[PDB]
Amino acid sequence: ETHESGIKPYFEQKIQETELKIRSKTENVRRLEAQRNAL
Amino acid sequence: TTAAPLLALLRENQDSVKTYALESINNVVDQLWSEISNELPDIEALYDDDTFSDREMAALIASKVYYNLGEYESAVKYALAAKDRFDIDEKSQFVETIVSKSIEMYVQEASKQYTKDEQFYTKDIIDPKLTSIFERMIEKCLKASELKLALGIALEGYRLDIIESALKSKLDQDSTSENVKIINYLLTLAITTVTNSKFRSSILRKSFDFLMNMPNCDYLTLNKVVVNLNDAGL
Amino acid sequence: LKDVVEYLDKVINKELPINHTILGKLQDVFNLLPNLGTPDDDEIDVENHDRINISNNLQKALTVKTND
Amino acid sequence: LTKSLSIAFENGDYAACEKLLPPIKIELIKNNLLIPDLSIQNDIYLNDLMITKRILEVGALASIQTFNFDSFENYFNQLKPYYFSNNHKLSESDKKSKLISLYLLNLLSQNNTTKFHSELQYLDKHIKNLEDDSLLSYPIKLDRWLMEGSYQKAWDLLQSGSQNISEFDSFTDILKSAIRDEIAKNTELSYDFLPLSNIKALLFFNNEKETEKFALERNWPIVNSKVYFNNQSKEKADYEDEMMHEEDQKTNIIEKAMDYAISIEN
Amino acid sequence: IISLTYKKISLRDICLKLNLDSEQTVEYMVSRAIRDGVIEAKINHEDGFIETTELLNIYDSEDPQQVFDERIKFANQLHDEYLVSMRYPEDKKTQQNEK
Amino acid sequence: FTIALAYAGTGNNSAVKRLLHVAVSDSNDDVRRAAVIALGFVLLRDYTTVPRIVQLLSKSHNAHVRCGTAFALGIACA
Amino acid sequence: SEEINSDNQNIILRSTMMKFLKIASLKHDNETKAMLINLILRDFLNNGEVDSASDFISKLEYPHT
Amino acid sequence: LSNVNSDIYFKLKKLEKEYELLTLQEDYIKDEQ
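Chains as they are written, first to last, in this note's numbering: chain A, 1 to 39; chain B, 40 to 273; chain C, 274 to 341; chain D, 342 to 607; chain E, 608 to 706; chain F, 707 to 784; chain G, 785 to 849; chain H, 850 to 882.
Just so you know, these hints were derived from the structure itself, not from any lab. Worth double-checking, as some hints may not be accurate.
Said to hold, decoys possible - Simulated crosslink set (BS3-like; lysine-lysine; CA at most 25 Å straight-line):
id, chain 1, residue 1, chain 2, residue 2
1, A, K8, H, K860
2, B, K130, B, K103
3, B, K220, B, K187
4, G, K803, B, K103
5, A, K25, H, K866
6, H, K860, A, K21
7, B, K209, H, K860
8, D, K421, D, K456
9, D, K360, D, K344
10, A, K14, B, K179
11, A, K25, E, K700
12, B, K122, G, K806
13, B, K187, H, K863
14, H, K879, F, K765
All chains, please: the whole structure from these sequences, using the hints.
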């Protein structure tokens, strides 16, 4: 388990950036959806 | 204590003083880094020169500082310049920052030269260092014994060598089922993930032959390749 | 504008019969051409200053609407 | 060995002091490893701290009394952060006041007030009233007067500063030229033309020939005993105006108009 | 302050008011100041007075525009801040069941 | 429907942007209809996010667009 | 109370914040980044070091999110 | 800790194709709006 914890953060770095993007993405699409609806 | 003695010693012209200083700074480079950021262009100049014989160490210091600051891009280039003492980084808890970078850049570059020519290994466009990191990372996966880690990373980079070799070496049939299952996971991924014709087509065709060797193989698995590629001769 | 430039070359290179009417119009262009360094230009700048300010005040009022 | 260096200093032959220095730099590496870098502090390390100290201090002062720039910075660069404060037994000594005063004066002679303040900030906690001002007052008064912009008063302190010359002259001479230069820069705003008699008095020249010498050197022709600052000035201005940076810095009213419109239409 | 009240003011006057030591000393302090451009003055040595250069009519020059250009940008930056934050609670509610 | 049939099954991002772009921009009413039905083919095996897209397209004034919206959903999750 | 032991342990205290800040940038925690930066800027003024403080602010990773 | 790693390579890569498509949607409704 100890061996895997060392290399885990190397797997993680590319994936977490992808995650952080998703958070911004989700808020964006919905907000334009509201503008789109009202119009 | 402060970096002020340390800085002072670089400046001393005499060879042995500068060398001693490099060791001294190296100890506290991880502990303290914001104080010698100022004075980075000097550490860099020492790395340039080819009078020093701990020259490899001088670039290591520049690299270390740059990752702590958070300029990850500056870190990885300076590290890949020296081609030394990267072994320790891979195997550390703390610094997997520059390890991830070396792996990302490498997968991208490889795919780009893969589309132009199927052979791009032979070209010196791919640096030997870059290579060496990669197969060390295959080394970690297999000790932990989890082959999905090895297969996917390679897959991203259009690395034909690594993929072919993994499937061939799997053939031992310690359990028959286990062989199948790992191959089964690769094919589903390969339709979707890969989009370049040359890589995609080549790995499925190859997969059919490996499976076929086993007499206890599922012809369900073989059937799939044969429909996708739609080649009667198979 | 460019075509008027090449028309003048063609009078003196390719020998079109000189259409003096054209030349008459171009004299009126040089002559009724605003001249720079004139204090009229200074006046112009004042008018510009006012409208760019008024834009600024309208921009703020829209802030109050968006804020509600 | 180490004692040879100490007495070489007192004789005042410093040329030979440098010839011995590279062997001693080899031994100063060892000396650094004796000190723990104040991780653990006990009275074993304290003994080492005291003996390394004496070497640093006499060696620092030799570099100051030498006076050819090239060699002077290079020997000095290490010495300067070492000698200004690592002081043993938490950090007294009478030498502490004298060595600080000479470091701070260096920065005023490099004509960086910015750094003079930056270095001063560091010191402040450790000299609040411990030494208060002693010989320390010498860079402190000087700063005060240039900040006020009392050029007169400043010149006065330097001139009187010839009393106390002991190794301080290493700065005194630099500082003369510096006042004279500064004034020259300011009075270009004030007016363009000075009669010859005024150029000397303002810029604090003491020698008639030097006034007229300095006049020629900033490229001012004196013709028929009358200065004509008009020529070079005008030529200088023309070459400055042409440089390349320039399109984005200067801008344009239409450029601004175009940025506003497209904000709305996002 | 003394310069803003008294536009052309002999060097002699200034010293008398604020008890400055001498004409040579005050000249130099003033000289230092207008390099860094706070006083916005000029010394006329030859005529014995220091003359404030201010005259107004800076509305005619381009400087108000630079000022006002910024003020528009600040308002716009306000609007954006409003818009983004505003929608974040609404997501929660639409997703939650309501009566 | 050239795009739909060629680019079937695996979503393609190129194919999808193209379809939506045509539907918004191109005013005629049969043509607007053709792009919605067409999207259901490209995303036949990835019909998860499909109602969230066509959510917008239900509300369209056009009678034709609402028709092709009804069918596209039919086709995807048949 | 002033003591040299307090002083030895002070060097330990600086070094630990610097090692941890890199870990906490990668998780991009708005809370964590904020707390650490306020503490470090304060420590530096107390010891008077101009130079370190300017380098530390250049980055501006201090969130406002 | 092995589990975490294994899903990163396995399941999650297939869901990342999906998340590229939803980002396309954001672009799209700026044009539609």
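- Message: Please verify whether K879 (chain H) and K765 (chain F) have alpha carbons no more than 25 Å apart.
- Response: It holds: about 17 Å lies between the C-alpha atoms, which stays within 25 Å.
- 25 Å limit on alpha-carbon distance, applied to hinted pair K209 (chain B) and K860 (chain H): Cα-Cα ~22 Å, so holds.
- Task: Sort out whether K187 (chain B) lies within 25 Å of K220 (chain B), counting only the CA atoms.
- Result: The hint holds at about 11 Å.
- Query: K14 (chain A) and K179 (chain B): Cα distance at most 25 Å?
  - Reply: 18 Å, holds
- Query: Under the criterion that the straight-line Cα-Cα distance not exceed 25 Å, is the pair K25 (chain A), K700 (chain E) satisfied?
  - Reply: 19 Å, holds
- Task: Take the C-alpha atoms of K122 (chain B) and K806 (chain G), compute the straight-line distance between them, and say whether it is at most 25 Å.
- Result: 24 Å, holds
- Message: With the threshold set at 25 Å, check whether the alpha-carbon distance from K8 (chain A) to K860 (chain H) stays at or below it.
- Response: Given pair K8 (chain A), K860 (chain H) holds - Cα atoms ~17 Å apart, limit 25 Å.
- Are the Cα atoms of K187 (chain B) and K863 (chain H) separated by 25 Å or less? 14 Å, holds
- Message: Holds or violated: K25 (chain A) and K866 (chain H), Cα atoms, limit 25 Å.
- Response: 14 Å, holds
- Holds or violated: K130 (chain B) with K103 (chain B), Cα cutoff 25 Å? 15 Å, holds
- Straight-line Cα separation of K860 (chain H) and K21 (chain A) no greater than 25 Å? Measuring from Cα to Cα gives roughly 19 Å; hence the hint holds.
- Query: Are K803 (chain G) and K103 (chain B) close enough, with their CA atoms no more than 25 Å apart?
  - Reply: Holds, at about 12 Å.
This entry satisfies every hint, going by the numbered hints stated previously.
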